[PDB]
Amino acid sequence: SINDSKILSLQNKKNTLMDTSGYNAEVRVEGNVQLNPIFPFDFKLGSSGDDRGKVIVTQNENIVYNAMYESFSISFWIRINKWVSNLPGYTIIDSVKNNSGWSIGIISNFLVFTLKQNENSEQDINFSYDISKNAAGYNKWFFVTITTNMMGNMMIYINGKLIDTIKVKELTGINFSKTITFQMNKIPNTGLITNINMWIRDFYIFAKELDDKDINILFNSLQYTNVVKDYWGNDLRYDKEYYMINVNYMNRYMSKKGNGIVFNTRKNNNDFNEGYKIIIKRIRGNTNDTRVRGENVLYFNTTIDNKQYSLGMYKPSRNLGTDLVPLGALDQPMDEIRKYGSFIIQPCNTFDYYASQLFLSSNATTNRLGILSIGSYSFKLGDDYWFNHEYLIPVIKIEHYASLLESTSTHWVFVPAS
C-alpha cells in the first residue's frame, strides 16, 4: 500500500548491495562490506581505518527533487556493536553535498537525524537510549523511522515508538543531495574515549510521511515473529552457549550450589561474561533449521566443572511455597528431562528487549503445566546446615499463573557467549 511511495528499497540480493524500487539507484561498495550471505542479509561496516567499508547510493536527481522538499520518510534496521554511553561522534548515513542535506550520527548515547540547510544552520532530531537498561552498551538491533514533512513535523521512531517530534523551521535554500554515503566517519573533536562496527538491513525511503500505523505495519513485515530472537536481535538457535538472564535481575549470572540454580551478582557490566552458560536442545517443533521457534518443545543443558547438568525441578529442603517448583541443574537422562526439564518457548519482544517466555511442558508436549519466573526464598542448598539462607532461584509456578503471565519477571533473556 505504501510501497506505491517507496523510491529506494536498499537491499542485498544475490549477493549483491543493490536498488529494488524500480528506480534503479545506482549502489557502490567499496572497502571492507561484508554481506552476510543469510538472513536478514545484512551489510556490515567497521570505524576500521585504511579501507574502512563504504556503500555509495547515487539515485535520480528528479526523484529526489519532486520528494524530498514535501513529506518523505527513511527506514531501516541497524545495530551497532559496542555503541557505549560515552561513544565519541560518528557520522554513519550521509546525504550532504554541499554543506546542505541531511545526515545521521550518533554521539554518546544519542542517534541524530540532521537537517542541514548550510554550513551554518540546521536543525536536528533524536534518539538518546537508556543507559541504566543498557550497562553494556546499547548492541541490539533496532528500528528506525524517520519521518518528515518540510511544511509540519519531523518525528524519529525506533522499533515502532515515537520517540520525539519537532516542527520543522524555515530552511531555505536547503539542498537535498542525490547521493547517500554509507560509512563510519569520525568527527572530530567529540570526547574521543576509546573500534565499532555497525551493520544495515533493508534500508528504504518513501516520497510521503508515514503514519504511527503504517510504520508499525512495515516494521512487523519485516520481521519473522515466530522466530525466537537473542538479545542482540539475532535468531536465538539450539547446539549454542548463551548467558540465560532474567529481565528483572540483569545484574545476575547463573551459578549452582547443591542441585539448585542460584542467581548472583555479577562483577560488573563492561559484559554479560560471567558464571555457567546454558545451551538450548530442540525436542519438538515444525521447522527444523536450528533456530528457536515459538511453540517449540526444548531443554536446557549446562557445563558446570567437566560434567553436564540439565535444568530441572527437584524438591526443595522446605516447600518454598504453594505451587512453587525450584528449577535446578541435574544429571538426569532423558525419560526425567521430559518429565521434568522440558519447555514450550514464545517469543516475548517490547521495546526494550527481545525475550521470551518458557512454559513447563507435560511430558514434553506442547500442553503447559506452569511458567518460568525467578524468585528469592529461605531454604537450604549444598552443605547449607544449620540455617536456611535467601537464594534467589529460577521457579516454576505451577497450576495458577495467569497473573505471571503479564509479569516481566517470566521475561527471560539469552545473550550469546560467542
Given for the second form:
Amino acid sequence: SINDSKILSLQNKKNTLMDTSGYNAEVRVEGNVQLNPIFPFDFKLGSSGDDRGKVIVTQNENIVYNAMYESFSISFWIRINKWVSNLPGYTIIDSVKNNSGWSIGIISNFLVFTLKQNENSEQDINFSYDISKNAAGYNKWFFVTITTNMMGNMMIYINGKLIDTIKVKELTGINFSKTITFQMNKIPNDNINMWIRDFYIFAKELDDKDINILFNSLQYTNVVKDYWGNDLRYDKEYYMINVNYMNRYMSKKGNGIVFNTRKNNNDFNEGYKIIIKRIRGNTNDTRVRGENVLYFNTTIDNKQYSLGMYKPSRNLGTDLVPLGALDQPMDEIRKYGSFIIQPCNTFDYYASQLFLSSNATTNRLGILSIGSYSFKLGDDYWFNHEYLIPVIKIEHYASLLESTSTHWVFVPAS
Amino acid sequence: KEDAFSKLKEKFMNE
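Switch from the form deposited without its partner chain to the form deposited with its partner chain bound and print that structure.
Full assembly next; the chain just shown is listed first.
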C-alpha cells in the first residue's frame, strides 16, 4: 500500500489536531485556530491580528526518515478565501530551518512550492489558477499533491492532474527541517482565511496512479458539492448557475425563469436564489447525494414558487420543454418539477447534472440544459423575444450527456 | 415510459 510510506498524517481527531501515521509527531496549537466538528474535519486559519492562529508540527524522531531514499511527496486539501488575483505575498506552510528545507506560499494567483538547499540554492514550482474562469477569486477546495525526486523531477498536481514538471538541477540534496509551521504570514513587499485538512507526507515519489487513488479516497464522490467544494445541502439558499453562463443570474418573467447578465464579478450575490428540497434518498442527513430525487423552491417578491415545466407561447424545438417558476402543489411538483441529481465534477468546477424524474421516481425522462429561444413571456404581446432559459430535453438526449450546458453549479448565498 | 413522453408532449407543447 501507499500508506506504508506515509510518515506524517495531520488530522483532527476528537477535536484535537494530531499525527495519525504512527510516528507520533508533536502537534502544538496556538492562537485563533478553529476545528470543524463535521467532515472534512478541517482547521481554519486567518491572517489578521497577533492571535491569528499557528499550528506547530514537530516531527518526533529520526525514525521517520528511516525508509527514505531521495524522494518525498506532500499532499493536502486546501481552500483560500478570498483568493483574489492581485493577492499580496503570503507564506502559509513553512518548513525551513537555517535556510534549508521547503516552503509553500501564495502570491497573486500563484501557489508556490519552494525547495531550499541553502542560502544560495533553491528551486520552486507553482500552480497558477485561471483568472478568467475564477473572476470572483479562486475560493474553492482543491487537492494539492507535490512530489519531488532529487535525481529526477519536481512535480506539482492539482485535483489529481499534473500541472507542471521541473527537473532538479541546481539542488543536490536537502537537509529537512523537523518542524512544519502552518501560519499565514505576510511577506515584506483585505483579510483572508485558509482551510486545511488531511495534510500527508510520504517517504517516496507517488505516481499519477497513486495520486488519483489518494485524491478519490479522501472524498465522498456520491455527495454532490457546492461551487466552493463544500457538501451540497437541502434547505439552504444557493445561486443556481450554468457552467457555460457564469456571468448570468436567475430572474423571472411570467411563468418563465430567464437568465440575465450580472452586473460584475465581485461576487455571485445577484438575482433570485433557489432552495433544494428532498423527495427520495437512501440517507436523510441534509446532504444532497447522487440519485436523490429532489425539487427546487425559489422566493420571489415574498412568494415561493417551485421550478416546473410549462407550455411556451410557441414551440421551441423537438423534445424541448422550458423550466419555469410556478406556484403549484406537491402532486404537480412530483409530476412535472422533480429532478434526479447526479454529481459532475471536473478540474475547473464542482457541478451536477439534473435529469427529469417520472413521478418523483429514479426513472429518467430527460436532462436539464440551457439555451436561448424566441417566444413570449409575461406581458409580451406584439413580438417574440429571445430568452436565455433553462430547458429540458426529453426522450432523446445522449449527445447532451457530454455537453457542459447540462452542468449546473450552486453558489451558497450566506 | 412511452406514455410519459406522449403525456408531456400533450401537456407542454403546442398543437
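Positions refer to the first chain, counted from 1. Each form is matched to the other, and the largest set of C-alpha atoms that superpose within 1.5 Å is called the rigid core.
- Summarising the superposition on the core between these two forms, the listed residues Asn86, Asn120, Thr265, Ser132 contain exactly one with a Cα shift of 2 Å or larger, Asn120.
- After superposition on the rigid core, displacement of the C-alpha of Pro333 between these two forms stays below 2 Å.
- After superposition on the rigid core, the Cα atom of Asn32 is displaced by less than 2 Å between these two forms.
- With the core held fixed between these two forms, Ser317 has its Cα displaced by under 2 Å.
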